[PDB]
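A single chain comes next, written as structure tokens; it is the form deposited without the ligand.
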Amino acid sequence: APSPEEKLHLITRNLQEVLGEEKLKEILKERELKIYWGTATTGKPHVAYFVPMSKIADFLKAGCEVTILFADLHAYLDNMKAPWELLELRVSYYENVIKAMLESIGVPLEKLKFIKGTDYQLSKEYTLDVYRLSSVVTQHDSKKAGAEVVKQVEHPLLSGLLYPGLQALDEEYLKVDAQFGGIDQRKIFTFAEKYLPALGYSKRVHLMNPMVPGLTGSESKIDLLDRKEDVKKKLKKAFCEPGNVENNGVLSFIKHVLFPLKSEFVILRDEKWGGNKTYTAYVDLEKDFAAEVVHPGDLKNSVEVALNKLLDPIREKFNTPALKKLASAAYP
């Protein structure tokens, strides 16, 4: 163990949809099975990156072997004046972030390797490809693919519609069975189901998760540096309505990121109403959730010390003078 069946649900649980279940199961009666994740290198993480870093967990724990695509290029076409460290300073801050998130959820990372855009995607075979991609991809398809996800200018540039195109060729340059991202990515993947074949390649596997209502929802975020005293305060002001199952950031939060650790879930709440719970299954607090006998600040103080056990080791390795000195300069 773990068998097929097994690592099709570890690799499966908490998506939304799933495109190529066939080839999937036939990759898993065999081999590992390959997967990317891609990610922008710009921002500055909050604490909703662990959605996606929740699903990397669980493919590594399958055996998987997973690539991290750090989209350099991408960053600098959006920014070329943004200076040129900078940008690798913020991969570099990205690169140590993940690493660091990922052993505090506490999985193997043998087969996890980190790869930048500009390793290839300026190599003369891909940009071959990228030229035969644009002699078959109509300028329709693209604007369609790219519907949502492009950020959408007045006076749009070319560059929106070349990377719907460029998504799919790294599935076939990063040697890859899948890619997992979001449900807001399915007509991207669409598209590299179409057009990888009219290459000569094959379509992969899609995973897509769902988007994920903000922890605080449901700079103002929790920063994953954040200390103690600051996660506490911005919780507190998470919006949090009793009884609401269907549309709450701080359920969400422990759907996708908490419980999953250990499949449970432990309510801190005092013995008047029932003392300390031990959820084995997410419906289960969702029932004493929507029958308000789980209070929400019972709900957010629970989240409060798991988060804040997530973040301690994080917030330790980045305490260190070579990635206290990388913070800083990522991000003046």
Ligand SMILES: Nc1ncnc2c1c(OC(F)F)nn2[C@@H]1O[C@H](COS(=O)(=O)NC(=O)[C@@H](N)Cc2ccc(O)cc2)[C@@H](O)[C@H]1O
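Numbering follows the first chain given and starts at 1. C-alpha atoms forming the largest set that superposes within 1.5 Å between two forms make up the rigid core. Compared with the form deposited with the ligand bound:
Once the core is superposed between these two forms, every option in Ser202, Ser134, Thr127, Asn79 stays below 2 Å in C-alpha shift except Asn79. In a rigid-core overlay of the protein, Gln16 has its C-alpha displaced by under 2 Å between these two forms. Residue displacement note: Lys25 has its CA displaced by under 2 Å between these two forms (rigid core superposed).
Put the two forms on the same core and the Cα of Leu323 is off by 2 Å or more between these two forms.
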Given for the second form:
Protein chains: 2
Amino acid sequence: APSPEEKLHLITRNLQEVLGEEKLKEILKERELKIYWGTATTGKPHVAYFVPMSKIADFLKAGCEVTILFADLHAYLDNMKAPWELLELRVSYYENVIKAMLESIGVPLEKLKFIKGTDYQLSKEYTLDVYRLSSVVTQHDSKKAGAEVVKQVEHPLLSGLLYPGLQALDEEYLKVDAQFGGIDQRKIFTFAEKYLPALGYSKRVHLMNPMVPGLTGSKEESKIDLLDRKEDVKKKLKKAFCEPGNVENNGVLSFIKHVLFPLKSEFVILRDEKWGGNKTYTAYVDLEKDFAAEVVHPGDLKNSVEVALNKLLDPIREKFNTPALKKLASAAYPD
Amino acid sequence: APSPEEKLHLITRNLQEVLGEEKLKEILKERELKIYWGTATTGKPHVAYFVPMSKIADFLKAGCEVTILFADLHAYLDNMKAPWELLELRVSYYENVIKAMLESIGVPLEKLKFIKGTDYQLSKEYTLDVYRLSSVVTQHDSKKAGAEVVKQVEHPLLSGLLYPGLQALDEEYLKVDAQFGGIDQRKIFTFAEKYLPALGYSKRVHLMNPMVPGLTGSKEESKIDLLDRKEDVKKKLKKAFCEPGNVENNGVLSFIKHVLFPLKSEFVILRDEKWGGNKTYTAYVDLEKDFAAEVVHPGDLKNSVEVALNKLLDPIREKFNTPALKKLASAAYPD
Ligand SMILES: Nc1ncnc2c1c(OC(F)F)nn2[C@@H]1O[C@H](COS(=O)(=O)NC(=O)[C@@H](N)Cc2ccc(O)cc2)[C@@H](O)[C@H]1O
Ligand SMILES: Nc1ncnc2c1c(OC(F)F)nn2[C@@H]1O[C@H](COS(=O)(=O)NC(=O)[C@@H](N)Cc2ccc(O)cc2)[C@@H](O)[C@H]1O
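So the form deposited without the ligand is up there; where is the form deposited with the ligand bound?
Complete assembly follows, chain above in first position.
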């Protein structure tokens, strides 16, 4: 039975920014927070998705009612990042792999709600609100709201202007108090705080993670897929940006900070007896200090992350080791 | 039983431009043409609406299946020219006054179909097509398609970009072969010819009237309302631009050309015996020649139009002389 103060700590730890602290505290004084996270069903999710999933885990630990939105219409509206025929296959792939990630990090699925955008975003009342919103949002504001999220092409399409407006309306139709996403969503979040009240709807609390550098190319591609075999995880980890003593733009350290510490509350560095043997850290700042002092070597850091990451991936790889899930993976991502 | 050639003449006479003559003739060789005309339910219709209604009459004379669309959602999308609360009152006013105009010029209403946009434009299949269209139409093309139709404001709204796309989709959902409107619709019509095939839908024939100068200020406001009393019709007609011998930008002559000649097939100029007495014209070009020669005086032309216009308005004014229609007129246009 966590106190409102303990819930607030669980909910907001590791975030880059909280908008709406006043209302957030008002809610936690009385009841559970209702929050959602959305993802457009576009490319294959990679290990970076453990970063938002670790905050989802925190939200459930705090007692929140959590909704996960598979934003299939949004994937279509974002420059057809998922063509319309493949959408429902993409939703199935996303649902299976996101549930597998949550099961792997021990998140109880029975208190989560999963919904796909097209379950309600084609309804008459929602569509009427899209038109009501379109009558107050300028073309200027919808273009700028999506600048960091929607793909920016030479001749922008009308769909790209619709995208942020629907993401705002989703807060009302999912009946939430708050929306969580990475800080790349910030301009959509502030757009929603401005325009939802123009429709008679309350502004929501917005919770924003930092954009965490990947476990590969410095801060694009070459990422680690959730279904990569151990040997491919090992190979990709060797090439990760991880300079000795350099605690910035370090995707290996960032994964520890945002995924492994919240999961386990500790992190063990594997190290030879010659250099002091293993050491258990209870706080990220202590590990960071040792890495800056160069008494945690990059190779030992990578070794330690490799062991923990393969533990997270093992049940996922097992789950997708089914004839039906192998066919789904290939069918959702053909050529 | 008019021939295909006689139907084509009735359908296309007095038009400024026909797009799709090849397909138009292919259809008339086999069956009746399916056509619609739409109007956004915004301001009170004035006597200029007799110009499109006279072409509707021609279409029915040619045997066409005609739909009249009361585009209520479009009125809302066009800079809220009709706010959402007043829309259904505006639709009722438009339906009553348009049916009255057609009855006045002797158009049989029983073979016309009347539909309001929100009967189908909020449906799931239509909304899906709006999103499919938005994924191919650029912001650039939708802005330019509506440049002469949608109000151009300093900070354009998203609704204004949606407007031409929905007008294009209306051609498919109303299941027509052709759309009729004034030539101010041309950029929406060519937009529809370009983009409907991107959705797997056929291009439509487009029929365009000329933009006829009003019976008032030269070629805005001061117009004659369909419910104006005889005395107000008389007063407004006195101030109409009608210079002797000047057959251009002459709203009085244009009304004769586009409304009175199609209705009656003749036009009688009322003139004193001293100047030759009355004369009946069987063709507009003969009247124009006499006006250019200054043997039809502006006052006599206005007198002759006044008599005919009050005949067209009399049954409309009688129809709206009901307690329920008086309340409707005031409720749809308050303050
Ligand atoms: N490296 C990282 N570090 C920290 N957070 C990260 C990443 C990362 O990298 C990536 F490559 F995986 N993504 N995320 C976060 O997870 C989510 C990704 O999902 S998304 O598909 O991008 N969704 C969108 O864009 C949203 N508009 C979709 C949407 C649509 C309608 C709604 O009503 C609500 C939402 C967003 O919150 C992202 O910030
Ligand atoms: N002086 C004149 N001479 C000759 N024709 C004239 C005029 C005139 O003057 C005015 F003041 F009355 N209007 N018209 C013509 O009648 C119609 C008016 O209706 S409207 O409300 O303007 N409709 C729109 O704009 C259309 N986008 C509405 C629409 C929406 C969805 C659809 O699927 C189809 C259509 C249009 O065709 C106009 O050209």
